[PDB]
Structure formats: structure tokens, C-alpha cells
Amino acid sequence: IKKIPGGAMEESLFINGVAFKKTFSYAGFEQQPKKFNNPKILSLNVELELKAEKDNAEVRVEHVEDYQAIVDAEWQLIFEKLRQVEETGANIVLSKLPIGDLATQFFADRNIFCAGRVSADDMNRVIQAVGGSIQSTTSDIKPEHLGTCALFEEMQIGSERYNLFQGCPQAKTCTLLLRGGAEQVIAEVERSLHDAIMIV
Amino acid sequence: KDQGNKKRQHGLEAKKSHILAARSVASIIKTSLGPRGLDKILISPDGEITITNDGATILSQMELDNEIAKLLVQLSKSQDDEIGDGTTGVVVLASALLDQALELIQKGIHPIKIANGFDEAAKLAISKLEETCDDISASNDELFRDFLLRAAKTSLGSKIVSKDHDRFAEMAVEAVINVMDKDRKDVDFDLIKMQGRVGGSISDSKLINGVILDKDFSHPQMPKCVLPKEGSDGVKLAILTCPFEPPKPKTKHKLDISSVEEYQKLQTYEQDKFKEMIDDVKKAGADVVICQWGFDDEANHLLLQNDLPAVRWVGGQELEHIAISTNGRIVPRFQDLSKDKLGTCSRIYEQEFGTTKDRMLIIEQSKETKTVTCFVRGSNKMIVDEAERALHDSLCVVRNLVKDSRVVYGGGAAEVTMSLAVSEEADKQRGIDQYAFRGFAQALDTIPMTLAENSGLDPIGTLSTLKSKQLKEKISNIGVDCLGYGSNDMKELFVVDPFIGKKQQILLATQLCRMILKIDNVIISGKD
Amino acid sequence: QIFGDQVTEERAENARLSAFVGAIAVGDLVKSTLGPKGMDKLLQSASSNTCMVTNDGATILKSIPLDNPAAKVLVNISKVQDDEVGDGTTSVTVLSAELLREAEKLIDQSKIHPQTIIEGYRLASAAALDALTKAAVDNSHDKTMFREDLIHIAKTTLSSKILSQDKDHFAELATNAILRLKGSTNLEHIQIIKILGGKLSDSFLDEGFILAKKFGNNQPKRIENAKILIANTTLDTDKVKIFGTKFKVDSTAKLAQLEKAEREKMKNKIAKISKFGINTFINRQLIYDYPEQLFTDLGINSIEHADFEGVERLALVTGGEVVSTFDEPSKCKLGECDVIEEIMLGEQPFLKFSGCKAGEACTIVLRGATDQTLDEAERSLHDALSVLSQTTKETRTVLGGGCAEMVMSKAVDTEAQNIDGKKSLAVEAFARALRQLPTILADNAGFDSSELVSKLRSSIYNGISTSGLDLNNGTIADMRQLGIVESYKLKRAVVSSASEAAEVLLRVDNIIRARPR
Amino acid sequence: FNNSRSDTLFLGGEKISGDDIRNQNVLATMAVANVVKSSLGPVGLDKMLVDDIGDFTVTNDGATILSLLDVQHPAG
Amino acid sequence: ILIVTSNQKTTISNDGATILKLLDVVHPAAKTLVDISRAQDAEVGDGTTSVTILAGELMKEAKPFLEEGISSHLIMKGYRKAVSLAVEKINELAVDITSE
Amino acid sequence: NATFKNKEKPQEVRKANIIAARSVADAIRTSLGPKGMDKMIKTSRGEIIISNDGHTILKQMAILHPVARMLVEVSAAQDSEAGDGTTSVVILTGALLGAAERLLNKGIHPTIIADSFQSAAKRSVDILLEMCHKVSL
Amino acid sequence: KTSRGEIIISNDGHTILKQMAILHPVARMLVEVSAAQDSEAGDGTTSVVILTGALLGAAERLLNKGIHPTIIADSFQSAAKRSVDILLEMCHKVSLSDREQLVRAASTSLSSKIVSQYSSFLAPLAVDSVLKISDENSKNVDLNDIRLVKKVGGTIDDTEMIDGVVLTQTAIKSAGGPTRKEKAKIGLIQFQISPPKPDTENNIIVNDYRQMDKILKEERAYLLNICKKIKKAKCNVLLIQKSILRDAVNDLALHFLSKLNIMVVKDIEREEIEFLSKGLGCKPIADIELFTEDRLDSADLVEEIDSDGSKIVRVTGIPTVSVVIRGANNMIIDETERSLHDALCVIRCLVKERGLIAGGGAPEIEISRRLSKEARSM
Ligand SMILES: Nc1ncnc2c1ncn2[C@@H]1O[C@H](COP(=O)(O)OP(=O)(O)O)[C@@H](O)[C@H]1O
Ligand SMILES: Nc1ncnc2c1ncn2[C@@H]1O[C@H](COP(=O)(O)OP(=O)(O)O)[C@@H](O)[C@H]1O
Ligand SMILES: Nc1ncnc2c1ncn2[C@@H]1O[C@H](COP(=O)(O)OP(=O)(O)O)[C@@H](O)[C@H]1O
Ligand code: BEF
Ligand code: BEF
Ligand code: BEF
Ligand code: BEF
Ligand code: BEF
Ligand SMILES: [Mg+2]
Ligand SMILES: [Mg+2]
Ligand SMILES: [Mg+2]
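Protein chains in written order, with the authors' numbering: chain A, 201 to 400; chain B, 33 to 560; chain C, 4 to 520; chain D, 1005 to 1080; chain E, 51 to 150; chain F, 1008 to 1144; chain G, 49 to 366, 373 to 432.
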């Protein structure tokens, strides 16, 4: 369940597929369509940043050329893994880890949408919706791995942008946004509803 | 556990308390509902002084400990979130309702049974309105522009902005058209930079078809303005996120230097390397550089000699608007330049400001870009900071009109149509739900009455007139003479409130009621 | 209940008072710091020993702590007015406040709704502000006349301050110093340098531009027909931005190599510069002992550390360009002047450049008998440089000394003839408050203000629209005839910036202070 | 648990209503009675009631036990 | 109910579990009512309010005996059967359907 | 429109009085009729009392607000003339004041309410008589 | 006795007021006018104050008979800039030729200081010393060139002009102590005789048995050749400019410079450089690769005479005077310096402004008598 500040205590929405926050914290967004019908969802698990979000090693060189060399390598090292995703021919690229400025900028150029740092318990509902299947590396990315919904959009519900993959006749997991005029009522709904769902 | 420092309330008192607490929050903001309303100076515990007719904003600032008030704080807030204009009113209606509900209670009625009564009578009004409302989108194109404006205006009459409400209104109307599409009907407010600075009056608040940002233009010698570079297609500009400094790793370093050999090569490495970039941008064929991160002394000077005005350091949202405004691409490395990813803007100038040593800059476009910048000005901070939120209010009512072209004529009449319709169904109700319906409709009457109270008209008087007239003729739209002019009839007078919002409002209050009433037990503790 | 822990609420009657008192109080603080016969107020901050005397309205208000919203509103309005025009700082608060005073009258004892008091004002303002434009004559054309016009503005914008004494003197300085730019409205191009000793009348504008910081280890103490390379480049250990370059050797000798290697880079870069053919090299950055020795031995004078602004000044008097890339001489506008002699300003080393290529950057040296007098003469001057700097970017002018506002009075007091009922009253009140300006003006001088202003208003009433207050004979003479011009932007700003203040306050019907932490 | 507050009806003291007080009374009477319910019957037994000085008195006369036992509360 | 715990977080609800969780409660005995209310919101999800009303109520009806001077081991047995019978009776009435 | 403002506003003092006063006739309401329950007061001196007689509950109640104390005096006079109904006389003011709470909201001058209330009362009393079933000793 | 606890004694007003702890704001004002009296004349800091003292009383008196202060203020200006003219019109102008006069001034100046009974060699001391950098037409003469160095001990009389110049540093305790070299050539090394100092992340790695002495014995020479090049360029006395950066004269580099009989003297403050290049006639030496025999001087004698537990340096025989002051109590050693500055500044006034009036109250009285008459004509 998801709670959204404001609205009628019944202007709540039942997403058929899955809906989640909008962790999309990077520059270069606003490009990337915010709506697709049958997009090719890539439920990826890790990274997508230049210098890497974490982990490292040491690069020691005694040649001026090696310096500029290792640099050009870094870049190509990313871009590749990056195009590796492009290659999967996806429209929506999600990852439980970041999607750096450059990264999200790239897909933005070639009308591919994304979002970094997705909620862990979310990707699992994302899988169960578009029927994808988490992938840790960019290498052996086969197509039964990805997923596709009936419709994707980036809403402005209750003054808060909400990425949501609605319409998914092949789902085993829905998500539902709750509304209310106070963080107490939305809260009571979510509990008044868990008491029902659990009885059904 | 913790038995002491823990109090309990339950009905006899309790309900009175809550009801009264609401009522009291109300009594403060009622004097701010109307085009004759007044603002309220609020002061942050730090010392920040604000002044504003905005409902939500006021009740957020009142550092208050009463639990029920804490609720109305959010009630006005939630509404601000969903619509952007209710605020001041949603609470009024809510309180009135509570007083009403309470009143019945001391006559033997169950609190929870009144609740269901109200929820019902409400749903009805929502309908009696959903039926009488009018449509705009589906009627005309030049008239849509007009109606869409005639709302933004009405939406501003209760603000300091009112003074120059012509401009502020047509500004909000525009600002939204230019970033949302008739089909998606989605106004993303990230595409509208609401930036304001001091100076002049609120009148000198224009709308910019690009963006602003603060920059001295990298090197002083650089030009101040930027022409479309002879017969070209406007101006082209670099939009790069790479620093004009010698490229570096992103994993380690330690470029071990065995002897003068390699140090001799690094020497000439950085040297011409600055030419490797200064050239790179020249090649893509651009006029001005907008780099996300700063440049070195050398690299800067070169940008000078090569007639390449520069913009050292530009934030995320910053750089990004410069893209979407000028139709460009956010280029990573240097070699990734090209005459086809540049920014096709229409001008760039370094804007002066009184004698303020700041002196920011601007990027225009002539033709309605996919980014607007309402640049607000005023004689003093507060006037600005209020006028910005005042602008925002209208911008929202313009967004609601594309998301639901339905309009209802306010002036209080919109609330009278309910009170009228809901009260009718009361006589048919009889018994207990009769008292509820009468109540719900009765609380409603406080909305217009309050307008009368503030515009200087006898409440009972304007109500009987508004009710009679809107019955002896048709359950239409006959509002209060809030300002004067000939007579009622919000239509002629051009007083309009988006329907979509009004519904939300007349719900958010009844619902909030429906919660409070169900509370018959309370247990507060202290701050150990 | 609701609220809590020290939050304080002021409803209608209360709020309104809090407000009115505040503004009126602020105004009644700076009424003495107006008028050519006005006085200064001494103040002292957290350091105690940090006094200061001033006639700058905005200055006083900016400093004076307050807890009252309505007051801070006025304070703040002063800083604004102080920005977009540098002057009128006082004239604005006062006229702002007096308008509020005139309003609580229309309320507390006439029973008129504040919103209707606004209704009237908003109109009165239109009419008032209008009559200004509609009466403001300018001399944009005829550059030899606008010089006389512009000089008057300084002449009178300087009365009231200490400088009012040798006002004629500073009058020229200001005028000239602005003209010597004629363009950039940014006053950071004029550097003011102050030093104790002798009369203020000894202050001057070195049309050759003076600079602090002496050159070289012991270079020529004076240059001739200088050809200067103004530059800003790293001058103490280079490798600009390759950071991470370690020097691992297997023997101290291989270090000794790389060591002299670095000291070579300096003789290199220093050379590429000598190739520019210059008798003086000024760098924003510093220049250590060695890179300097080079110059001392080439004759090229090394004048290091002049920050950013310090270079831009030189680059406007001498006509050079900043530069940091000597990767090729030429294509770099080199600056020049007649002399770069070292002078002494009362126990201090300075560099009096001379005959520069049309100095669009100047230096004014202020001389007072006490730091107080300097620091005040400092802004007392700024109050001139700022207006003039603006009037070149707004040639319109109007006569003050009462006249201006008194004209706007007869304007409003006239348009208050066609009006509704109550509104009219606010309108009449406006002109009334406006009229309180010449009143307060004459007051400070010491005349029977009531009597004098009534004489003034009488002329401006019955035609004329030129008479003003000769605050010396205490008569009412012709202002255009006495060179008491004032920037149009200025007065128009006051009549505007104030009306806004009023409206924002009259609209308040409640005040809430939160639990201060 | 625990009654508290006031809000309106400013009264120079305490005031419990309904359930709250109605139970308090019952509890009161209950306690004062239960002390001497162990003295009822032949099989019942006496008790020693010590003061502050340390002296005392042992007695089954319910009336003197309740007299000797400091009771503060109306229903007590 | 409306509980404003010493936390300062204000809540309003009916999930008897949620209320009995915000009451802190430290009395050993009375604290079991907090436990059986939590389990009820687990193995079932609803009825939480009631599990306690009853649980309590029984203890209430045990007072007469305990007071009159009866063993508790006997009251414990008595209630033990009572549940067994009552439990089967529900199973006995548990109207199973599908298209009935 | 645009006429007379009333700079002054201790409007609130009235509603404040009414509410701090009506709260009095509240504590009493419970003791009206054959189902009315008695109050138990433990005086400042420590003397305990129990009764349904309003005038005596209010008297010994320790009412603090000034306009609230007013109720005790009207119940006092109910005892001085009738000798009975001390409970009812209070409960009446209780909602008669609420009647003003309601009317004052729709902006009717209280002096119109005050003077009108008189006439509506001295008209009510007459109705009592006109329907009074007189007896003889 | 300052807030810090340092004790001071003096007749110099500007310094008494400065260190006095005046609290009232308009009172602090006096210190600033006395401050500026020091900045232009350099003398009379006491008088300038006492003047305001009754000039303000003049307003106290006039303000009583209701005369607007702005009439008093503006009038006072004119009455002053009229008084100054009277000074000039009665000023008995002199020329820097007249050494008979310039000493009389400096003498009657310091005839109110602790160093009064020593005005004899003090009065001209100022005169000569000022003229030593005065020239004639230099207008404001800088007094920075008159390096005074005070050293505790003795009395006031023990103060000499010192032919050459006076350094301020120690010398050599460490390896081979020179401390005195007759007819020497000095050099201001701005360099630094220490091991290899690469301004970039340097580092000398080792990974060989024998490689040990390689690193070592090598730099052992690095200091040597530099030391030779010095002797080679015929550099007798060395002067190293204090480098906090990273060493000045390595402990080792002293064993060498010791043997080589080169008296070295370190910690030459950066503000000295310029000055030392005059008094010493020396020349700054950025590198060693620029350390040449011409960038030196003709010093006839350099020696650290231990005056008695004091030790002061001297460079005798070679636009810069260098006087050394002594006294018993630090309050003296300090005071006399400022009581010499009042005299030195006395001359500076004549350097920039010829002429001198008959002091001793007489001019004060005259301006009074003059204005007094002119007053009747107003
Ligand atoms: N020009 C007017 N004439 C008649 N009614 C108006 C006018 N302006 C606003 N109103 C009424 O006042 C309401 C707006 O109140 P306002 O003080 O703006 O608070 P908010 O809009 O935040 O609730 C409108 O919905 C309408 O009912
Ligand atoms: N010479 C003068 N004679 C009469 N009025 C003058 C004269 N000089 C300036 N004024 C008036 O002084 C007023 C401004 O006073 P000032 O103390 O300078 O306040 P501000 O901070 O507004 O400049 C203006 O109204 C101007 O007309
Ligand atoms: N038999 C009854 N049934 C209904 N009302 C009755 C009955 N007998 C008396 N009452 C009511 O009891 C009411 C209140 O009485 P009480 O509580 O004693 O207060 P007071 O008598 O002081 O008003 C009386 O007004 C009367 O209407
Ligand atoms: F007063 Be509202 F917020 F338009
Ligand atoms: F006091 Be003002 F700025 F002349
Ligand atoms: F309160 Be229960 F869980 F329905
Ligand atoms: F309670 Be009443 F006075 F009988
Ligand atoms: F006391 Be003075 F300055 F010689
Ligand atoms: Mg609104
Ligand atoms: Mg001025
Ligand atoms: Mg002296």
C-alpha cells in the first residue's frame, strides 16, 4: 500500500499493476517520456553510475598517456554496460541502486525512461506486475527477463509525482494509493483495510 | 503504564472542547475569506516575518498544541496539496459543521449517527452541483482562454496582488498553457520556475520565456548580451556537464613520475589540453558555454579570446531548464559536442539590478518555450513572498481547469445551491437524518454569510436574498455583492471557482468531521 | 484553548495598533535625519566600541534591532529603496509611515474600513505617481546640459550629510567620477580609499587611479610610458589541474633533477610572458620570491596581489584585458598609461598611475579628522554616486525641496474631487501625508513648518508647480531656479515603494508570534 | 487510564462525574468493608492496629476497627 | 479512541490491537490482554477488539468463585471444558459454501 | 459596500462569557427530574453534602468565572420567590444564553436580543397564566 | 597597565589615549583626532585633544545662549581655516640647509619626554637621520627607512646611530661558529640549503641492499656543491630568509658552511628583504642558480658583539639609517623609541611643509588676539 497526502478518504486509487514513489532524484529527467503503453520494463538490480556508487581499487601509472588512457577506459566501461541496457530495447529502466546524472541523461536523449534507487520491497512488486525478473549484471541480459505492462504514466497525484505501471493482466501483485485530509485518516484507512483484506 | 502525566477526555466535556477548539481556529481565519479579506502576520520562532491571506500557510505557521487544531492545520493543508485554492475556506465550512453537529448532540443525537447523516447530505450536494455546473473546454478556444483567465482573476481578489490583478492573472493563465498539453492535461510545476527578487513594485513582475539564474558571465571582459550571431537560427549554446579542467580519473591516481621525461610530457599535456576543449566547443559551432562546473584560470581566458561567453557552475534544475528552454542536449564529455545538440535559444543578457552588486542574468526565447519563469518583484520581501504564493494560487486554479473544465460560480452561491438542495431533501428525510441534513446545509450557509460579514452586509439578509433569488428563478448562480457593482449573479460579475476543487473542499470538511465525531475517547501524555 | 507556550495573538484592535505604532515609531526615529538642516544619530553594536554617526536613513534602520513586524517591514522597505536607487532611504520610511498614521485616523475615529482606505490610496497613488511623470522634464539629449543637471542632483543629494559643508566640491567629484565611466551602473568600479588627517575638503578623485600594494623586491620606484600586462595566473607551484602526480625516484639525485625541473617550469612560463614586451606585469595572484627575481632582473616590474576587483579596475583605466594564457603574445589587449609612480598618502605607500586610456575605473580618496567622519563621508558620498549612477540610466529629473511631493499633493487633492464617498477621504489623506514631507523637512530647519508649508502648498496650489522650500531664509523660493533637482526614479520610487508598505500593513488584522527558541 | 482536564467550567477544585466517580464510591466502600470482612463469624479473627508512637490495640469490634483506621473519603 | 503517546505522535483508530499497543501497559497480568490482542491480528487479522473484551469478561466472571473461597484449579478446569465445547460448536455451525 | 468598520472587537468577550457560563448549567442538567441524580460536594471546610437542590449545589460548587457566578444568583432568586425550580431556572439561562450564542452569530445586536428576550418572556409568563388551572386552598 | 597586563609609561597623548580604555562613544572620538594628529604632523597628539577639549566647551557655552549647533559647527570651520592662514602668514619658514634650526625644533620637541636630559645627541640624531632619506623635494618622507632596534639593558645614553646597519638575528651555535668576518661579501639567499624539496608529492623509494648509501651519500653532496658555489662566488657572510615552508639551512649544511668559514644568519623576516637590500647594498637571490658574486656587497665588517648577555648584530662600513636604543626598564626602551618618533616626525613635517612658528604658546595666543579683533568686525 501507498499513502498520498490529501484528497477525499475515497478518492483512493486501485492500481492494476504496481505503483511506487518517484525516487527519481537526477538531472536530465523531464526528458524521457513520462508515459508508455506497452513498454519493455527492465527490472535491473544494480548500479549505473560513472565512477561507481561504491567499491574501488588503485590505478598506478608511470606514463602520461596511460593517465588519459585509463580515463577513456572508465567512460567506455560505463557507456558499454549502459548501451547494454539500451540493447535490451527497453522503454523503462528501473534499479534498486542509483542511475547517475550521465546515465539518466543518456536514456533521456534516446526517449528511454528511468528511475534510480527504487524501494527494495518495490522492485519485487514491479517484477510481479510486468512479469520481469531482476538482473544484477548487464551482460547476459536475455529477453524473458524483462517485463511489460498495459500502461505507464508519471502522475501528479496529491502534489507528488507517482510513477505507476497500471494495467497488467499478467500480475500477481497490485499496489493501491490511499487518500485523506490528514495523516491520521489515511493511516486509519490503511489499518481499517488491512483488517478487511486479511479477512477476505 | 506511565499512569501520571496522562489525561483523559470523553463527551460531556471532550466533544465541547474539540468542537470549540475548531470553532476558535476558525474565528481567526474567517476574517480572511473574501475579496475583502485581510492577511495575518505570522512570525517564525527564529524571527521570520510573513504576511499572507493563504489559508494553509497561516494555519501551518500557527505553532499550536491543541490536537483538534493540529487536524484543521492539515485539513487546510491537504486541500492546498490537492487543489491549491481551498485552504482559507475548507476550514470554515468544517468548523461550522462541527458547531452544528455538536448542537444536535445536546438534544440526544448519537455522534456517529450524525456522521453518517452528514456524509449523506454531503454526497447529495456534491451532485446537485455536479449537475448545475458549466463547461468551458468544450465550447470555444478564445473563450476557453478567457474563462480560464476569469477564474485566475477571481482566484486572486483576496490577495495583496489584487492591486495589479490584471497582469498576475494573465500571467498564471499563460504560465500553465505553455507546459501542459490539452490531452495529458498535466501541469508539471517543475516546468515553471517560480523565482522572485526584490525591486520596483509588484507591477514589474513579468514572465520570462526561458530562465534566469545568477551569473557574472565567467570572465569580466566577456560581452554582456549575445546576438543571434549573424543571420543564424537564433543563438546556439553549449550545454555541457564536464569541467573545463584537465581530465582526471575516478578510481585512484598516483601518476608516478620516474623522471623529467614524463614530467616534460605532462607539462605540455595540460597546456594544449585546454585547447582540446576550447576548440571542441568552437567546432560544434556555438556562441555561449553553460558548464555545470567551474573552469580554470587558463581555460577561462581562452573562452574569452575565442568569443565564447561562459557560465561557470550551474545547478541541476538550472542546467536542465536551459536545455528544455533552448532545445538542446546535456552533453557529457567534450568530444561529444556537435552543432546539433546545442541550444537554439533566442538571446542572452546579463541583467542589471538597481545598484545591487549581485546582478544575475537571463535567457530568453520569444516563442512560448516548454519552460516559464514567473519572475516576481516587489517593494519589500513580504510583498514578494506573498505575491509569489498569490501567483501560485492562481496557477493552480488554471491547472484544475484543464484537468476538469467544469466551473461553478462562487461568490458563495455555489454553496447556496447545495444548502438549498440539501435542505429540500431534509423535509423528506424526517426523523433523525432530518436534523443532519438540516445541519449540513445550515453550516454551509455560514460560507456566504461570512462573505457578507466581511464585505459589510447583514448576514441573514444576504442569505435570504441569495436563497430566494436562487429559487424564485432557478437553482443557478446568484452570488453576494462582495464588492458592490450592480447586483448579484456571479456570471455577469465574472466570479468563478473550478468545480473539481469545490467538490474536494465540501468533502474534506465533512470527512474530517466524520473522524472527529467518531472520537469519544482521548488519552494524552506529556513530554517526559 | 489552541496555540501554546508563549505564542501571542493580537486580534483586530490589538494587531492594528501593534502595526501602526511600529511604523509610526520607526518613522519618528529617522525624521531628524532628513532635510538639509537635519542631524546625525550615533549607534553602537555588539562590540560597544563600534560606534558610528550617520544621516543615512536606511543605515540607522538596518542596524536598530526591533521585534515589531510592522517596523521590520518598514526597515526592510528602506533597504530595498536603498538598493534600486541608493537614495531616498529616509524620505521613504517617513512617507510610508505617515500614510499609516493618516490611516489609523480614518479608522479608529472615522470608522472607515481599511480595505476602503486602501481603495482610496491605490487611486491617490496613481494620481500622485502620475503627476510626477507628467511633470518631470529631462535632459537626456544635450550632454553639455545634463552635466549641469546631473551635478545639481549631487549638489542637493549631499546636503544634510557632513559633506553638505563642502558640498560643491564633492558635487563635482561625484559627477566626474560617474561620467568617467559613463555606462556601467555598477559602482564597484570606483574605489574609495580613506585616510585620516586634514579637512574633508582635501578629498579628491585621482583621475589617474591610485592603487595599494607596492611593486617588486626593489624595482624601479616609477615606470615610464608603461605598457602593462594585467594578468591572473597561478604563480606558486604549477601543474594546474593534473593533481595526483607523484614523484617516485630511486635516488635523491633523481629528485634533485625533478626539483630543478619544477623551478624550470617557472623560468619557462615567466619567459612566455617576457615575450609580451612590457615594462610592468600586474598579477591578481601572488608571485613568490623566484618568479619575482626573474622580473627584477628583466626590468619588468612585478606588482602582485590585486584580487579580482583590483585587476578589473586597472583593466579599465589602462585598457588591458585580464588574461591567464600566455600561450601566445598578441591577441591579448595590453594596457598602458603615462606613469606608475609610487606616492605617499599620509604615512602610506601607494601607486599613482597617470594618464591612462580613458579611465572607466577611478579612485576617490577621502580625508577626515576622525574615523567617524570618514566612514560617514564614505556613504554620504555613496548616496551621490548611486543616484547619479542611476540617472545616467534614467535621464528624467524633477525638482525637490518640497516641490515634487507638493505637486503630487495638488494632484491627489484634485483627483479627490471626482470620487465616491469614503474612498475620497483616504485619497485626501494621501496628499496629506505627502505634504507631511516638506513639513518634516522645514521642521528640522527650525521654521514654523505649519506656516511655511501652507505657504508652499499655496503657490503650488495656485499654479507655479516650481516653488520649494529655501531652508535658509525660511522663505519659499523657486527650486528650478536654485538647482535643487532630484532623480525622477528616486521620488517615483519613494511614492511607490511606500504605498506598497501601506497596503501590505493596512491589510493585517492579526499578528502571531511563535514560541521563540 | 486516569481522569483529568477541565477546559470550561472553571471550578475551585476537583470534580469527577458519572462512571469515574460512581466507581470511586464503590471502590471506597469496598475497601473500608474488606478490612473487617476477616473479622466476621466465630472463625473470624482480631487484628492489631498500631499508631505512630508504636502502641496499639487488638480488637474485633468492627466499629472500632473502622474508627481506629483513618478513613479519608466520603463513601469511606 | 485518540491516543497521543509520550512519543508525541497522535493516532486515531479502532484496530483494538493498535490501541492496546499504544497504551504501553506494564502490569504483568493486564499485559497479556495486549498479547492475545496482537495474535488475533495475526492468525486472523480481525476481531482483535473482541478477543480482549471476552478474555477480560471471563476473568470478571471468575471473581465470584475466587471470592466465595473456591480453588482456582477448579475454575480453570471448568472454563477449559467450556471452551472445548464452545469451539466445537462453532466448527459445527461453520456454514461451508461455494455456490450454495 | 464601504461604510462603518467597528475598529473595536471584544465581540469575543461575549461568546467567551456565554461559553464559560453555559458550562455551569451543564454540570447541573443531570439533576433535573425524577431521574435527576444528586451531587456530592466536599466543601473547603471539609464538610460533605449531597442534594438535588440546584441552588444549593451551585452555591457550594466553587464556581469561579464571574459571569458564571451569575447563575448561582439567579438560582438564588428562584429560591427566594418560588422556593422550587432552582435547578430549572439555571438550565433555562443555559440555552437561553445559547440562543444568544446563535443569534449573535448572524450579527444581531445583543441589545436587540436583550430587549426582545424580555418581551418574549413577559409574554411567555402570560401564556402560563392563561393556561393555568387555578386551585383553592 | 593594559588589559593584557603589559605596563607602559609615556607623554605621547595619542598613545596614552589609545591605551587608556576610554568608554564613552563621543569620548572615543578624541582618540581618533589624536590618532590623526600623529598621522599628519606626528607631534602634538596631546595638544590636538586639549584643543577640542575647550573648543567643545566653546559650544557648551554657545549652546546655552541658544545658537543652533549647525551655526556653531559651520562657523567653527571658517574660524579655523582662517586661523591656519594666520599661522602661515606669521610662519618663519626655513630650509633644510639650516641644520642649526632643524635641531632646535627636534630638541624643543622632546624637551617633555623621559629622554629630555639626553636631548643633546638625540635632537640632531633625528634631524640627520631624517635628512639621510629626505633628499629635499620628497614631500612626505617615509620613516620606515629609519630602522630602530631597541635592546633591553644599560640606560638611555647607551644608544648609537651605528655607521652601517643593524640586523636583528642571532648567528650560529651549531656546527662551526663563525659570527665575525672582516671585509666580507654578503648574500640574501631567499633560497633554502636543505635536502631535495620537490613542490609536488615527492618521495624517495628504496628496494636494494646497496641502494641504501645511494640515496644518502648522494644528497650529502647536494648540500655540499651549493655550499661550494657560495664560497666559489666569494660569499663570505650568508643570510637566509626564514622559510617555515620546509627548512632553511639544514643541520648538515652547516657542518659544510662551518668548515667553509661562512658565517650564516637565518630567519630574516620577509619585510626586511627590501630594506636589507639597501643598507646592505646586497641583492636578493631567488635560487642558487642565480647566486652570483655581483649579487653581493662590499661589507667591511660583520660581527655579533655580545653587548652583555644581549648579542646584537652589526654590518659596519659598506638611504637607510639604523639606530639602536637601550634603557633599563622595558617601559623605557620602548618609550624613548616613541619619544624619538615624535622628533623624527617633527622633521618630517618640515620635509613636507617648510617653515616653523614660534611655539611655547605664543602662536596660540596670536591667533586668539587676531580673531578677537576681526570678531568686532562681524
Ligand atoms: N470577487 C469575488 N466576488 C464574490 N466572491 C468572491 C470573490 N472573490 C473570491 N470570492 C469568494 O471567496 C472565495 C475565496 O476565498 P479566499 O479568501 O480567496 O480563500 P480561499 O480562496 O483560499 O478559500 C471564493 O471561492 C468565493 O466563494
Ligand atoms: N538644498 C535643499 N533645500 C531644500 N530641500 C532640499 C535641499 N537639499 C535636499 N533637500 C530635500 O531633502 C530631502 C531628502 O533628505 P535626505 O536627508 O537627503 O533623505 P534621503 O535619505 O531621502 O535623501 C528631499 O526631499 C530633498 O528635496
Ligand atoms: N412525574 C414526573 N414525570 C415527568 N416530570 C416530572 C415528574 N414529576 C416532576 N417532574 C419534573 O422534574 C423537573 C425538575 O425537578 P428537580 O430536578 O427537582 O429540579 P427543580 O424541581 O428544582 O426544577 C420538574 O420541572 C418537573 O417538570
Ligand atoms: F485565500 Be485562498 F488561499 F485563495
Ligand atoms: F538619508 Be538619505 F539617504 F539622504
Ligand atoms: F477492530 Be477490528 F480489527 F475490526
Ligand atoms: F432542584 Be429543585 F430546586 F427542586
Ligand atoms: F605629546 Be606629544 F604628542 F608630543
Ligand atoms: Mg482563493
Ligand atoms: Mg539623500
Ligand atoms: Mg611633543
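Don't read these hints as lab results, they were simulated from the structure. Watch out, some of these pointers could steer you wrong.
Stated by the list, open to error - Below are the DSS-like pairs computed for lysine-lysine, each with C-alpha atoms no more than 30 Å apart in a straight line:
1. 501/B with 523/B
2. 222/A with 202/A
3. 1113/F with 1014/F
4. 257/C with 290/G
5. 234/A with 251/A
6. 501/B with 160/B
7. 413/B with 396/C
8. 81/E with 113/E
9. 275/C with 49/G
10. 275/C with 242/C
11. 290/G with 284/B
12. 245/G with 355/C
13. 254/A with 550/B
14. 102/B with 1041/D
15. 265/G with 251/C
16. 315/B with 261/B
17. 1041/D with 550/B
18. 373/B with 256/B
19. 44/C with 389/B
20. 372/A with 254/A
21. 336/C with 261/B
22. 139/B with 1019/D
Violations among the numbered hints, reported as their numbers in ascending order:
9, 11, 12, 13, 14, 17 and 20
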